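There is one chain below, alone, in C-alpha cells, taken in the form deposited in one PDB entry.
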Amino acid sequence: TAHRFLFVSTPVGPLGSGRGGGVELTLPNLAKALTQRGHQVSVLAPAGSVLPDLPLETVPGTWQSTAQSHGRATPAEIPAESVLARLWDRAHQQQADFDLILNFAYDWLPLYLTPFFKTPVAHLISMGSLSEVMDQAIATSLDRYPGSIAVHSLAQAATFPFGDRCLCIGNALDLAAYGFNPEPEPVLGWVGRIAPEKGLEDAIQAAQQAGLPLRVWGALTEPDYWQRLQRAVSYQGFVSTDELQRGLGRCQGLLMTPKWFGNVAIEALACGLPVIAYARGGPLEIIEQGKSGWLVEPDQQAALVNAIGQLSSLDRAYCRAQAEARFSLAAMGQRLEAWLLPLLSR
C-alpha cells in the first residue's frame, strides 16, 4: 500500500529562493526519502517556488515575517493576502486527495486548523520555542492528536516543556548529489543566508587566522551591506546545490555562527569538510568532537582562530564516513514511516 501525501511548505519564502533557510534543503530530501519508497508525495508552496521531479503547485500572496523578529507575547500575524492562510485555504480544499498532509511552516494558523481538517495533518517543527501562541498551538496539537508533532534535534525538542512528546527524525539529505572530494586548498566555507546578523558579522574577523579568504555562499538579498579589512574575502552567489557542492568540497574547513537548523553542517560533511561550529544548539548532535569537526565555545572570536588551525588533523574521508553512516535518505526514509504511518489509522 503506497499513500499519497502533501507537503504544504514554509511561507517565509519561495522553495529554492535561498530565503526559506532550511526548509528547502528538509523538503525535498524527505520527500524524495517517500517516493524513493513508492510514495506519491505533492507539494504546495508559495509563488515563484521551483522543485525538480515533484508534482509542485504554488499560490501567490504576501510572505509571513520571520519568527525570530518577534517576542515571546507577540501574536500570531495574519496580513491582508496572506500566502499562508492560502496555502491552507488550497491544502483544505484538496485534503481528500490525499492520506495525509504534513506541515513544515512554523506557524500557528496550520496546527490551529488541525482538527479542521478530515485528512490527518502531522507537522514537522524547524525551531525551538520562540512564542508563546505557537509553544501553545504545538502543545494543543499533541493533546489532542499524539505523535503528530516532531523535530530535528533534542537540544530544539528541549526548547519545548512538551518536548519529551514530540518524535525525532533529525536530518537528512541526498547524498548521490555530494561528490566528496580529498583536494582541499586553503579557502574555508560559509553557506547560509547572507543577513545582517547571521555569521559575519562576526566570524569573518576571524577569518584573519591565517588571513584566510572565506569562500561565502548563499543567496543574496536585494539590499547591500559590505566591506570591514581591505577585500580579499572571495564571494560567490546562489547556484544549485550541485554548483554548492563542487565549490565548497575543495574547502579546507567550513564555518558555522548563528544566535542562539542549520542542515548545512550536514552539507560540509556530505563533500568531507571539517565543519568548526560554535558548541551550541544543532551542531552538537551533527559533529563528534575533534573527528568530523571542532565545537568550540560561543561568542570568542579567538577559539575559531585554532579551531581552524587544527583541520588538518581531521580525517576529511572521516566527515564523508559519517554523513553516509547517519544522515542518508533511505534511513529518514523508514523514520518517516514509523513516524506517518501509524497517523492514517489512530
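We call the rigid core the largest set of C-alpha positions that still match within 1.5 Å between the two forms. Positions refer to the first chain, counted from 1. What changes on going to the form deposited in another entry:
Just a single entry of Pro182, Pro196, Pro146, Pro75 exceeds or equals a 2 Å CA shift between the two forms, which is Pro196 (rigid core superposed).
Superposed on the core, the two forms barely differ at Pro115: its CA moves less than 2 Å between the two forms. Core-superposed comparison between the two forms: CA of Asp97 displaced by less than 2 Å. Relative to the superposed core, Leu130 undergoes a C-alpha shift smaller than 2 Å between the two forms.
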Contents of the next structure:
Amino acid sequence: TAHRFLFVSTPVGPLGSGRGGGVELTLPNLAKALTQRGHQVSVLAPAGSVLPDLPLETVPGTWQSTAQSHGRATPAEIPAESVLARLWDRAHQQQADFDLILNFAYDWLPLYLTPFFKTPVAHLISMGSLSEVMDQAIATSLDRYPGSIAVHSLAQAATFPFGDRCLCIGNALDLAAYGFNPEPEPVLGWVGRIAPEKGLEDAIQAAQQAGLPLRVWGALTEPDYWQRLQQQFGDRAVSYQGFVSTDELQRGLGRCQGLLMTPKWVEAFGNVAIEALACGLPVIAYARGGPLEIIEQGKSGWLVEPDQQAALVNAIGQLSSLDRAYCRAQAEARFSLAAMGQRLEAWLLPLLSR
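Structure of the form deposited in another entry, given the form deposited in one PDB entry:
We keep it simple here and write out only the one chain, dropping partners and molecules.
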C-alpha cells in the first residue's frame, strides 16, 4: 500500500544554495527512492529552495546557524523570524495529510516536538555528536519512540552514547545522473562546503607537494574562512570551479585522477566520496569517520593515517594503480536508489503501525 510522506528539510539555508551540505543531495535522493516504490513524497523547505519533480512548499524566515560552529554546552537557539520554527508550525498544520513526517534538520526543535504530533515523526541525523542539548533531545525521542532515529555510518553512531539504538541506513545516489569517465586529466579534485571543518588547507598543501593542480568545487558558506585561505595560500593556489549542479559536478569531477578528502572533523558519511566513485574516481581520505565504510583500501581509494601530509602525498602517487572501473562498480553495487528504498521501507514502515 502506498503511503504519503512529508520530508522537512534543513533550516540552515535553501535547497540548491549549498548551505545545507550533503542534506541537499540526500533529501531528494531518499525522496526518489520512495517515489520509485510508489509512495508520494512532499517537501517543506526554506524560501528560495528548488527541487526537481516533487511537490515543494517553501517558508520564509531566518536561517539557523550551523550546529558545528558552536560548542558542546551551547543552548538550542531559535532566532526571531526562525525558518525552523515556521517549517514545524506548517508541518503541524498539515500533519493529517501524511502517514509519516521525516525530519532532516540537526536541531533540537523537531526532536522536542515529536510527541506533540499525532502523525509519526522520524529523524535522519546527518552529523555525529556536537552538543549536550542535541544528544539529550535525540536520546529522549529514542526513549519514547524506539526505532525512530537513523544515522549514515557506524562511525557516526559511535559518537553518541545511544548509537547502538540508531539504525544505520548508509546513503545512496541517483546513479543514472553520474557518467563514468575512464580517462582523467592529471589533476586532483576536492569537493565540499568551503568551511573550516573540511580542511581545505591540508588538501592545497598536499596537492602543491605532489605537483598536481587542485580543482575545488563548493559553496562559499564561510566568507571569513575563504578569505583566510586566500591570505595564506594566495589567489592562484587552487582552481576554484564554483558551486554547481549535480550534472555539472559529475562532468567536472570525472575528469580528476582522484578526490582528496581532508576533513578536520570526523566526517559522518561524505556524499562526495560516493559521487566520486560513481564517476570512476578513486578517493583519498583520512582513515577516520564515514570514509572507512565507503572506500576499499587500495581498490577504490586510499585510507591514510589521519592528519599526515606525507601519507596524502604518497597516496596521490599511487592513484594510477587503482582501477577506475572498480570504483564505478562499487558505486553501482552499493549506492543505488533501489537498495536505499528497501532500507527506508524497512526503517519507516514499522513506525506507521504501533
